[PDB]
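Enquirer: Here is how the chains run, residue by residue.
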Amino acid sequence: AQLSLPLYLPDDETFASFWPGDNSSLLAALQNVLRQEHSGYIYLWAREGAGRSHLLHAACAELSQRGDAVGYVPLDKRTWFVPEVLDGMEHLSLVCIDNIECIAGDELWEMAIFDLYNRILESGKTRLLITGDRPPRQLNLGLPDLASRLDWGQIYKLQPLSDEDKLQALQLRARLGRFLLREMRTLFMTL
Amino acid sequence: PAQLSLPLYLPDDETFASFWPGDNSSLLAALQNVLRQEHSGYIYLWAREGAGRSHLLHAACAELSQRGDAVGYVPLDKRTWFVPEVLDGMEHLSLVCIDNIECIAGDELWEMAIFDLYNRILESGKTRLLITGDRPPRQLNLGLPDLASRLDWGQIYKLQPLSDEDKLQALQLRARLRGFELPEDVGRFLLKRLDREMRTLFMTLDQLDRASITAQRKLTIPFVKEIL
Amino acid sequence: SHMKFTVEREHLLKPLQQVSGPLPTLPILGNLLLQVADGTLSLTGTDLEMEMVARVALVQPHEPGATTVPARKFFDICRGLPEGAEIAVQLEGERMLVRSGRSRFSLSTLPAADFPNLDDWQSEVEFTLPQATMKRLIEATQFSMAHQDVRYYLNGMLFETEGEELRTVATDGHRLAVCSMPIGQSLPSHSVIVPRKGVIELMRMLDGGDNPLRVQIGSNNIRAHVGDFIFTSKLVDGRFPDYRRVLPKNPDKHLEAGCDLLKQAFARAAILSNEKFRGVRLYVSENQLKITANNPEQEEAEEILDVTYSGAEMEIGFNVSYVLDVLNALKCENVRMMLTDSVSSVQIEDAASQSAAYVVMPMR
Amino acid sequence: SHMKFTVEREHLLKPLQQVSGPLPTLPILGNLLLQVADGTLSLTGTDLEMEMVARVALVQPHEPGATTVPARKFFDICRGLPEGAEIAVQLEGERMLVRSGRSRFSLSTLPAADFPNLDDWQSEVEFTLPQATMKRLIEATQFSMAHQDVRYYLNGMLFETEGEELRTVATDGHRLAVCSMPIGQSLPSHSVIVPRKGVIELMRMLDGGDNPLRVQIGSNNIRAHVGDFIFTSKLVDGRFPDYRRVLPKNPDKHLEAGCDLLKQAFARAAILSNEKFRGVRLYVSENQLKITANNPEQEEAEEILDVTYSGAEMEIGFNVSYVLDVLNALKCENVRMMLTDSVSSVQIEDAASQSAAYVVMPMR
Ligand SMILES: Nc1ncnc2c1ncn2[C@@H]1O[C@H](COP(=O)(O)OP(=O)(O)O)[C@@H](O)[C@H]1O
Ligand SMILES: Nc1ncnc2c1ncn2[C@@H]1O[C@H](COP(=O)(O)OP(=O)(O)O)[C@@H](O)[C@H]1O
Ligand SMILES: [Mg+2]
Ligand SMILES: [Mg+2]
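For the record, the sequence lines run as chains A, B, C and D.
Its first residue numbered 1, the first sequence is counted upward by one per residue in this note's numbering.
Its first residue numbered 1001, the second sequence is counted upward by one per residue in this note's numbering.
Its first residue numbered 2001, the third sequence is counted upward by one per residue in this note's numbering.
Its first residue numbered 3001, the fourth sequence is counted upward by one per residue in this note's numbering.
Chain A on its own, in the form it takes in the complex:
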């Protein structure tokens, strides 16, 4: 009350379509916090096209397939929604904050993220996954309280696929090439 309209994401970024190497230690901890009922906070960071958003969508679909409530907040598309959309997300099983470096210098959004952190911290059972371009200590944030909180957790560096793993990653989606090869965002889009 009320039920929800069945919308399926028009993509294919599930865990099954994601290649382990060389992020074997990251995926091990990522699938550990996704297991009920305890939660935590993991920060992922990489340069470009490494799959930081792929893992968030995979973690969203991992809990969506078992009936858990999830929320994905693309902070790079924050020009289409308002910071008040994070209110109430402390009652969700998983919250994904994609591209948190885009709010560097945005006090209106830094305060919303900062308040949302303390809300799921005062409560329990709320998995928090945040991705970025640089480690949380390299994030130029006007709020120093938020910077120490983003550094308060387990931080992993995402390793982009080599040109070898990149090939068999493309064929993995065809089941669910060397001529097309090296921008992975357009490679999987080309299929």
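The set of hints was computed from the structure by calculation and includes no laboratory data.
All residues carry an ideal CB built from backbone N, CA and C; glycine is no exception.
Just so you know, not all the hints are guaranteed correct.
Said to hold, decoys possible - Taking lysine to any residue pairs in the SDA-like style, the calculated list, with each CA pair at most 25 Å apart, reads: (1) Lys2014/C with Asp2047/C; (2) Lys3331/D with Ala2085/C; (3) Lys125/A with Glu1102/B; (4) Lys3014/D with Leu2261/C; (5) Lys1126/B with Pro144/A; (6) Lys1225/B with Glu2162/C; (7) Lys3276/D with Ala2071/C; (8) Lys2197/C with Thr2232/C; (9) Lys1078/B with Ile2028/C; (10) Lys1126/B with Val33/A; (11) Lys2263/C with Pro3082/D; (12) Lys2004/C with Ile3304/D; (13) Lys1126/B with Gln138/A; (14) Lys1078/B with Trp2121/C; (15) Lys1126/B with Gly142/A; (16) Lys1126/B with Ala104/A; (17) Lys2234/C with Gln1207/B; (18) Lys3276/D with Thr2109/C; (19) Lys2253/C with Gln1003/B; (20) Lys1158/B with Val33/A.
As the list claims (entries may be wrong) - Quick list of simulated restraints, FRET-style, between CB atoms: (21) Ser1005/B with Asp3210/D: 53 to 61 Å; (22) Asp2260/C with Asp3237/D: 51 to 59 Å; (23) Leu108/A with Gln1139/B: 35 to 43 Å; (24) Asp2260/C with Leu3013/D: 15 to 23 Å; (25) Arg3072/D with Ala2312/C: 34 to 42 Å; (26) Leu1004/B with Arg3079/D: 27 to 35 Å; (27) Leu1228/B with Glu2083/C: 52 to 60 Å; (28) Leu3013/D with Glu2315/C: 30 to 38 Å.
As the list claims (entries may be wrong) - Just some of the chain C residues that point at chain B, by a computed CB distance under 7 Å: (29) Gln2148; (30) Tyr2152; (31) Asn2155; (32) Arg2239; (33) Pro2241; (34) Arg2364.
Since chain A is already given, all that's left is putting chains B, C and D with the ligands on it; use the hints.
Expert: What follows is chains B, C and D with the ligands alone, placed relative to chain A:
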């Protein structure tokens, strides 16, 4: 500084080297990962009896003390010998070890201090926090619910006690590290007569080694009885 | 039951004073456990950590019983009574009545069954030494204990028996003190940590005499018998650091000086030192020591005194309070300082006897 | 800035100690005004309310000048120096240099022209009395002064000369004390109010002797000469109440008792009195006094003692601290209590001499 400090060397027999891994392979990996530089995290280690919760806190302290980092270990079971005001300033330390946090259940004077210390190292950075206990943070009946959700906020691990197989070669591991030699017939004799009490086993080694040093004879099965 | 006893005032004052001392923190912890058992009177006082029992011989008619009574109030009453007065004590209801002549006192009481009784343990090492020896072992090391530290094992004094000598060690992470005195019997090797307040109470119970001190060190408790007083204290369940690993191994600089002239020189230099950090710097040279100090008020004080020294020249800083504590514990003629370099510990001891040694860490 | 003098250590200790006492609150007020005038040395210390000057004879070469120097530091230096040492003092820049042997001290100074000098007033009444008489006049009344009261005239002691006797009075609105001692000369009738701290400093400057005390009471200041010390203090500009109007006019009840037995009875009854209000009740009857007290813990204490009393029976309450203060000031054999009724003042005095009287107001 100023000033310097006394080179007081305590029983350094409890390090990561003298600690047997199994079956805490996943725990020891994340433990040595927050001891990286620089990494600030919070790990909770709960177990039952003699699983080495204080061993891993002493191991993490000696790991950072050997490279010049300031450390702090707060045994909450011996809290009758100090005051909650001893936590003040520990937010500037590289590592803070809170041992046996279940002893302050109902101690609102100490729960507030632990609660304030968490927020102080949370507002700041570069402060590793390691807390041990009897039961998971949710199974810990704390007076202040704000603290329970904060001890819940982090990575929680269940320490696994050594099997009777690994228990033997953990006693032999302390022999080679200390200098003496514990043969396999004497080790499997102490596990029977002392009834597999790891707290007293490694404590009995000093009694059996020292009496063997002042002879100076080798460890044989009837020699242990003569020492007794 | 019905407790009742009558005893002279002169038989209670000293036992009361010994069991009623500076000890907040719990209603019954401020009371004394009175109990009459034919034909003695036992006065007990504790603080959940240590207890103190005194036995008083009753030669006048009495009736067995037990109760508790506010210590300081009951002591001030017996102390305020005239000299030679008899004290009649009996229970009437939930309060105790004290009578001496035309003086009548009624004191609110608490049930004796609610009194914390220390579980009697198994004694191990037991020996008898004079009170002067125990007082020397305490006084020579007491000041180096730590107060309310996270290092709970440092908040006390280490009693260690080894063969023929009894040795006490105390350190606070900045300076160490170790004394050693011989006894007349062979003792098994054993070491325990007596708490701070235990050390305080253990020394104040020592009087002139002429009675020896029976000490019963156990697995987790310590008990000291002297006269008719039985002091018992729990032990600090911790591992005390090795003091032999602290003593400066192979120093190359030795300095002898008059203990008094050195003590007075540091005392004068401490006047113009920093009020908070107490920083002074020692400059050893050819048969000369130069002690200087200065404060944020830019006031400088210089003290040069002739010493017997031949080692290499060195400038080393110190906390003048730590150095003065060592020179005050060394009630002797000349002192000996054994140094290595400016950033390492320095051993101070008496130039005559070597029964007590001291280690102080310098400043930068 | 050219002062220089040299004097033995034994010539400075006692003068320094007299000018370095309980006196926070202003930079130069914590300094001593040193000033060399051939051939004496003057050491002054003040607090804008009173001053203390000491003169030291200089027999060694010196140069005129003046400066200020931290009192406690300068005192601790001269006190820390060995016995018999000479102290060479000279000015080098904005700081003072103290040298004694191989010891050199540099103390930051403040300009001597900024030192508060008391404006020399016109003396009026002047007399000379022994130190024992002044000490008796103060000790018998000091404890009855008030501390920082809106009745500013009560925060001190009333010095009153009348013909042949010098009388001191002190009261705090609850109890009054008045002592009177005769001198050898006739004095004009005059009365002034010496402040609390002035009374304290006036008595601590009294020693064994054998020197008399020259006192110069002025219009608004008082000056006391003893030895080479000249103490000067401002007076409390107020009207002190009439103590003769306070003394119980025509009492009808007189009680004599042993001073010690009465003091010890009140002391034992004070044990079980209220910790804050200190309430005890006296019940006088036929040749008997019954002192009882109780506390919120419902603990009662009863003290009955035989006295010489024939008046009507009365029950009157008292602050046991006020009564004990009077019995402590009356270092005598027997005391005399003169009462009227339960809600009126009671006069206590020595049964032997009537040179000092005390009045205490009862409780409800
Ligand atoms: N390990 C991987 N295995 C398979 N595909 C991957 C992997 N990493 C990245 N990709 C591909 O790249 C895309 C990841 O999205 P991307 O824009 O790279 O996110 P981010 O910009 O946060 O790294 C997905 O479409 C996915 O197909
Ligand atoms: N994995 C291990 N390897 C070596 N020694 C161990 C191990 N686990 C426990 N011990 C030993 O067992 C003893 C008992 O530890 P204990 O203090 O009882 O742990 P806890 O604080 O969890 O109760 C310790 O002295 C430790 O040296
Ligand atoms: Mg993306
Ligand atoms: Mg333990």
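Enquirer: Could you run down the list of hints and mark each one as holding or not?
Expert: Hint check:
no.: 1; hint: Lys2014/C with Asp2047/C; verdict: 20 Å, holds
no.: 2; hint: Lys3331/D with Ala2085/C; verdict: 24 Å, holds
no.: 3; hint: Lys125/A with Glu1102/B; verdict: 22 Å, holds
no.: 4; hint: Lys3014/D with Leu2261/C; verdict: 23 Å, holds
no.: 5; hint: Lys1126/B with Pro144/A; verdict: 14 Å, holds
no.: 6; hint: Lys1225/B with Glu2162/C; verdict: 23 Å, holds
no.: 7; hint: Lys3276/D with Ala2071/C; verdict: 20 Å, holds
no.: 8; hint: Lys2197/C with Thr2232/C; verdict: 12 Å, holds
no.: 9; hint: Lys1078/B with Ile2028/C; verdict: 23 Å, holds
no.: 10; hint: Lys1126/B with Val33/A; verdict: 23 Å, holds
no.: 11; hint: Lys2263/C with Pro3082/D; verdict: 11 Å, holds
no.: 12; hint: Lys2004/C with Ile3304/D; verdict: 23 Å, holds
no.: 13; hint: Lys1126/B with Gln138/A; verdict: 14 Å, holds
no.: 14; hint: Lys1078/B with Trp2121/C; verdict: 20 Å, holds
no.: 15; hint: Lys1126/B with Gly142/A; verdict: 19 Å, holds
no.: 16; hint: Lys1126/B with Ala104/A; verdict: 21 Å, holds
no.: 17; hint: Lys2234/C with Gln1207/B; verdict: 23 Å, holds
no.: 18; hint: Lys3276/D with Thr2109/C; verdict: 22 Å, holds
no.: 19; hint: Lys2253/C with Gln1003/B; verdict: 22 Å, holds
no.: 20; hint: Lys1158/B with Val33/A; verdict: 15 Å, holds
no.: 21; hint: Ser1005/B with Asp3210/D: 53 to 61 Å; verdict: 58 Å, holds
no.: 22; hint: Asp2260/C with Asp3237/D: 51 to 59 Å; verdict: 53 Å, holds
no.: 23; hint: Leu108/A with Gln1139/B: 35 to 43 Å; verdict: 40 Å, holds
no.: 24; hint: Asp2260/C with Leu3013/D: 15 to 23 Å; verdict: 19 Å, holds
no.: 25; hint: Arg3072/D with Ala2312/C: 34 to 42 Å; verdict: 38 Å, holds
no.: 26; hint: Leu1004/B with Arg3079/D: 27 to 35 Å; verdict: 32 Å, holds
no.: 27; hint: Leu1228/B with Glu2083/C: 52 to 60 Å; verdict: 58 Å, holds
no.: 28; hint: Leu3013/D with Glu2315/C: 30 to 38 Å; verdict: 33 Å, holds
no.: 29; hint: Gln2148; verdict: 5 Å, holds
no.: 30; hint: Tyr2152; verdict: 4 Å, holds
no.: 31; hint: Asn2155; verdict: 5 Å, holds
no.: 32; hint: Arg2239; verdict: 5 Å, holds
no.: 33; hint: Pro2241; verdict: 4 Å, holds
no.: 34; hint: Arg2364; verdict: 5 Å, holds
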